[PDB]
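Take a look at the letters that make up each chain.
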Amino acid sequence: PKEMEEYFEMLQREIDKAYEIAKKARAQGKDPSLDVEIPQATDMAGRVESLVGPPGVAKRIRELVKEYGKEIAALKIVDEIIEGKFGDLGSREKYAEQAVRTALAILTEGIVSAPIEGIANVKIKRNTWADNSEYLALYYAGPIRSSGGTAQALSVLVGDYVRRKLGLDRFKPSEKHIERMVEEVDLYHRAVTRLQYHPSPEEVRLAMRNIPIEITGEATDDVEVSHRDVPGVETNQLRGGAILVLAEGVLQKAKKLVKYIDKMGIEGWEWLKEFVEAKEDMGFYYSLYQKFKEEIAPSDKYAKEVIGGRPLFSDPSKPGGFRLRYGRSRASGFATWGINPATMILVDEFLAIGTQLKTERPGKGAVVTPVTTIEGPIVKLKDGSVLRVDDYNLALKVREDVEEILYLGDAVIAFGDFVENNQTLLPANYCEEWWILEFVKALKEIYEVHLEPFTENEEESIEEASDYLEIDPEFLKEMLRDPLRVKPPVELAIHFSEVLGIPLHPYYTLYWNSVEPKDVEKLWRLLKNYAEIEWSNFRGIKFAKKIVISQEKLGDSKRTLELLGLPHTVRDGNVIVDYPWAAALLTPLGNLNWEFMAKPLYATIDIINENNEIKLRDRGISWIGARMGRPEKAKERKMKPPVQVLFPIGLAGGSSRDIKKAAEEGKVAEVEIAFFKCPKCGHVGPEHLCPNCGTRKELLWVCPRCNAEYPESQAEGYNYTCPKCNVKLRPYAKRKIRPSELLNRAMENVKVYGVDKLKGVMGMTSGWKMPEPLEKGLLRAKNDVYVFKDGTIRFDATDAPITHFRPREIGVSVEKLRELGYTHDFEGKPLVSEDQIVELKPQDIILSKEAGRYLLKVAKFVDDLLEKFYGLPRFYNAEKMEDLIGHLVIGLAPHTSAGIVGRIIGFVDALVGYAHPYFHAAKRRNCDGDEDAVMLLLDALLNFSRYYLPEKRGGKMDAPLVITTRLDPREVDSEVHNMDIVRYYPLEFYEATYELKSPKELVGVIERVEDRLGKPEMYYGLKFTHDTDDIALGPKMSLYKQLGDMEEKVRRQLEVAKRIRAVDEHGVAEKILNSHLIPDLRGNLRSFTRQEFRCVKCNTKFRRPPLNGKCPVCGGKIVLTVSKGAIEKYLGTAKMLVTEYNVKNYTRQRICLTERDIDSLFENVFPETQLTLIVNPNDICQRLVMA
Amino acid sequence: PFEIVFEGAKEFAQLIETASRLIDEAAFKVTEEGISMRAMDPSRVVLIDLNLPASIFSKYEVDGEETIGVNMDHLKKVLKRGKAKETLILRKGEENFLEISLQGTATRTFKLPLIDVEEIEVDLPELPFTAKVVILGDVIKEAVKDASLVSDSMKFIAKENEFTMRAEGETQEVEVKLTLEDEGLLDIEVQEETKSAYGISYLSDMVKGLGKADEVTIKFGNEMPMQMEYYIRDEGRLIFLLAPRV
DNA sequence: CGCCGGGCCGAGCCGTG
DNA sequence: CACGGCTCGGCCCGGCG
Ligand SMILES: [Zn+2]
Ligand SMILES: [Zn+2]
Ligand SMILES: [Zn+2]
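So the protein sequences, as listed, match chains A and B. Counting from 1, one number per residue, gives the positions in the first sequence under my numbering. Counting from 1188, one number per residue, gives the positions in the second sequence under my numbering.
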């Protein structure tokens, strides 16, 4: 309504403030431009007009999308392009270029760089082999892979449409075209990079015959081909651009593609539709597990690869792994999980707040984020006691005695995380969110009182039901409000199930199905014949209160109790079952009054439900798996050689190109640079303003032939081509730089002298090769902040979602939050206390205190740059990190070129920068562990300029070519549109899982984001099922990084797997991981005998040793590329694993055999010399051979 | 629960360094007789045998007998922080810590968490040692440093009343002869011709930490391990056992 | 106490996996 | 896409002096 619009008006004001500063500062002519070089937009229309034009196109695109939508308005704009409504482009290929770029831009919503980084060129060719007719040829580039198949595939569609609009002909390849292309398929898939979908060759020729436009471009790898020199293909190497666009594009996403054909009604694609369709008695729970095992196949992708150090947490679909609970906590939900921090500690602190554990069921790539309300592990202490460990602090207390982790406990999967990946719903574990629903439903069908969980009911109903139940009205209030965090004691649970008839409470439900009926039978007899059972009675209900039985009688059943998750202790050779669970171990067993006979075809719960007045539902039925991966980050962004100023220095600084060494050493440089000339005075130098008089200096142009120098206006006349040379005028030239006098002028200008070093750039890679002013380098160094290729300072951080936050968590005063606009918490109540859950507005972000501790330095930088160098008032005045609150930061992805303005509203302690998922989506993230950049606003304004952008390799990172200032979740992304924003999953769902309905069979029930688009109440109110206590509580740095040696890396990685039930190392954590060890050593050994050589100084490595051992230019020696220390690097571990763990003999004999090969490969260079005095400490190799 | 008082902490730190340069962890068999050490390199090429009779200590208080398990690296940095004459004290009570007290001009207290050491005991008594020679420290130290120039394997040759060392590489040649007549050769006990070769690296780890006023014993036979020995305050001496090559 | 030859570490810098 | 080994300067010495 109005609050939200006040919000966006607010951000628009402060952004306008920042632009005021940057326009004044840039106005001084000191920088490469006289204007700010990051335009702001508001929609995808603005993003397309400013990314790829043409001028004015946004105004039209907004209307046409207003009438027809996204897809249709794309093609309409294409028409007005070719119809010249925006002016004359000139040649036909320029109209092709413009319409194709604007088209694909509007189609991907301008958030990626395919329209820029990917599509290399567009050309009009002739079927000179077939009939010489015209067609359209698209030149991609490797970075198109970044923008994924879909945007790639749409590039085809536009390529087909444009040529039709341009009256061009279809393409008609010859069989050499086709077979060379398929060859590119097999080779590129085989050696370069594994395609996501590897199509068959027949499919490849299918597309080759059926795509009227040419999928081509410049070759991407040095891989020669067999169908060389085909007519028109000007290269005989693999074209990864054409290849990827071919395979992972129209092929990998042909379904969605013909969806766009249908939405656009573009003829000539029926073959793709055909390709699409061408590609397309007995107890209750016993039956349920049966159908469950058949319809839902236990995937095994995540366990395919096991890098060393990456733990495996549970075998696929194995009971004992992450018990599953549908839901969506405050943090999780976009693509992450939640998890009880207890299970993050008892796994020896591998997992952190953000370590991307690779999942198997809902989709590969779940981030982890704490959720304290779900139930953490069940462990077995060393002294035999079994302990349920739900909370963090108890986990710290007992981490040392953990003898076995029976149950990893919960993992809160979102629902929409099923909808998108299109997983079949797994049967829901019996969780209180479903219990309480059966509660209120029973009270309605019985006593006609209407309650509702997770809210606040009317007092009358509360008291009435209090009466029919005989329970505290206060207590019933609390249980109805937060059922997760408030559990009625066991006797109330028995009583509720008794009166109301609903099943037993989940929290007191054992894991009865992890035990076959025989075992529980045996336990029944033991209990009946030997236990000592003190009884009790609550409201006429008879329930046990303590059990004790000597371990001699019990014996093997002790394992049974262990599998039932039954918390019990051992004292004096006696098993002790204390109060809150001794009732749970016997109430389902009917207090030992009705005999338990293992009946075939029944699961244990089926029997118990068959003979008990108290009915259960299974608590453990769905079991996800996972394997750790790609742990958290919040580092800085340092270039590979750390940089602190963009000023080419060549070799003159040494290895690290430290400019200050070249200064004090007084050397002189020869580096390509640009010089400007003071028109007033006639001074010349690589700076922008004059030393003599202080006016702006005109660029100097150079002929590479005649070495002619021309001021800018002159070379403007000459069109930047020589008068007496027919060559283009370069802007730069390999020149002579005096680092001394320059750096002296810098220190003179900004008044800073105490720089330890000033690391420069070995060579300008930008097109202009215009160098940054040195003053900025001095200020960076003085504060110790690093730079990135555009001139902006970035800060990678693993991003995770949130949507509601308790101001306790983030360290913010409630008055401050009242100053940012946050009036009322999520239930509408007035914000008064630091423990009410507020709703994060869309573009706010909670930075990690890393980001505070670094962006603080960026603040001191930007101040000292405003004052000392531009001569302006300070702007941040940051002294602690909590001064930044309210100042905008541009969140930017890799692979894209449109950043999103955000506002900071606090800090947490973990290493993960939170944000509203609309933010993380509009930044194009997957939030399956992706990492993002976060620069400060006024920095990126003051220090960015396209002139610094490298000219050729648009890589995985790119720069904020334009910044959005207003989320619209329409043109954000797709993957947001599936979030579950319901306060509690409805009863109909939980019952709807059991028959394994696919998710779309019930999308209409559960609210989502697609079910609020267009309306204003996209931003207004979302919700979440599960509370956390802290967003940051839990081990804040993965144990992976404090592990140095592979030798004991594997000893931790596989130290764990003895602990858990689920993993079963003793045979497969090794052998998977052991298989990895075998491959590296063998590969190195095979390669070693075929290697190359190389000197430190004459990089030139002769594919053979020169007999002398000397080198060119050098009079030196040649080093060995792949050194013998490398071949032997994993024998210690891999031999260890084989001597310890039952591994299949094939891999054992392979390893001992590879030992013998390492020795006999060197029995003539490193002879056997040093005898040893203690021989054969039982090595598996020799002791194996003695067999 | 013991306490121990040793003077000249810098010396003791030196010898503990000596043991340190070959192994990384080790256990100290403290008995009421004295402190004992015995361990072997990772390579199973050298055996360090430390023997410390209680007599050497200015005070020696052991109640029973126990094995200490310590990080030789951490202890090496610690003891290395002592100086020429400051007094060393080693205390241990109930808890699983070792308390090192360096008291010279002042008292300084350190605590070291003891570490479990999987003990692999290999006791190797007297063996057939053809020749046996005593020699000043700096003689052998100089010699090893010389063989470091030309090769990595130093060859020893013991003949009647004459001890000669040698080593040869690609081109260069290194020879060091000396007999009883010579000053540095205190004693020779020639049973017959002996010859061996040893890793110059290991020897360098051995003889570092030897002044001119250091007497060294060397027993060995034809193609078999050397046993080196030298005394420490004339009571507790250290003995290395180096396997030959080839 | 100084120097200087060795030692230990932080830095590229590579490679390959 | 990510690890270890290998070699390189920069401090940090212990011994000669
Ligand atoms: Zn001038
Ligand atoms: Zn010219
Ligand atoms: Zn060379």
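Among these hints, one or two may not hold up.
To list a few chain B residues with every Cβ distance to chain A over 12 Å, as calculated [what the hints assert, rightly or not]: (1) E1220; (2) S1230; (3) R1231; (4) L1234; (5) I1276; (6) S1340; (7) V1363; (8) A1384; (9) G1396; (10) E1410; (11) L1425; (12) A1430; (13) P1431; (14) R1432.
Straight-line Cα separation of at most 20 Å, SDA-like style, residue types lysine to any residue; simulated pairs [what the hints assert, rightly or not]: (15) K1382(B) - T1169(A); (16) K1124(A) - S1230(B); (17) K1382(B) - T1172(A); (18) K1110(A) - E1357(B); (19) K1272(B) - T1292(B); (20) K1117(A) - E1357(B); (21) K1129(A) - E1357(B); (22) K1135(A) - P1229(B).
Hints were generated in silico from the structure; no laboratory data involved. Beta carbons are placed, not taken as given, at the ideal position from N, Cα and C, and that holds for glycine.
Status of the hints after comparison with the structure:
1. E1220: holds (26 Å)
2. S1230: violated (7 Å)
3. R1231: violated (4 Å)
4. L1234: Given that some Cβ of chain A is not farther than 12 Å from that of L1234(B), nearest at about 7 Å, it is violated.
5. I1276: holds (31 Å)
6. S1340: violated (7 Å)
7. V1363: It holds; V1363(B) is separated from chain A by about 21 Å at its closest Cβ, greater than 12 Å.
8. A1384: Nearest chain A Cβ is 8 Å from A1384(B), so the label is violated.
9. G1396: holds (23 Å)
10. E1410: violated (9 Å)
11. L1425: The claim stands: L1425(B) keeps its Cβ more than 12 Å from every Cβ of chain A (closest is about 18 Å).
12. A1430: Non-interface label fails for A1430(B): nearest chain A Cβ at 4 Å, not farther than 12 Å.
13. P1431: Given a closest Cβ separation of 6 Å, the condition is violated.
14. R1432: violated (4 Å)
15. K1382(B) - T1169(A): Given that 20 Å is the threshold and the Cα spacing comes to 15 Å, the pair holds.
16. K1124(A) - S1230(B): holds (18 Å)
17. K1382(B) - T1172(A): holds (17 Å)
18. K1110(A) - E1357(B): Holds: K1110(A) and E1357(B) sit about 18 Å apart, inside 20 Å.
19. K1272(B) - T1292(B): holds (10 Å)
20. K1117(A) - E1357(B): Within the cut-off at roughly 18 Å; holds.
21. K1129(A) - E1357(B): This hinted pair is violated, its Cα atoms lying about 29 Å apart.
22. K1135(A) - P1229(B): OK: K1135(A) and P1229(B) at ~16 Å, within 20 Å.
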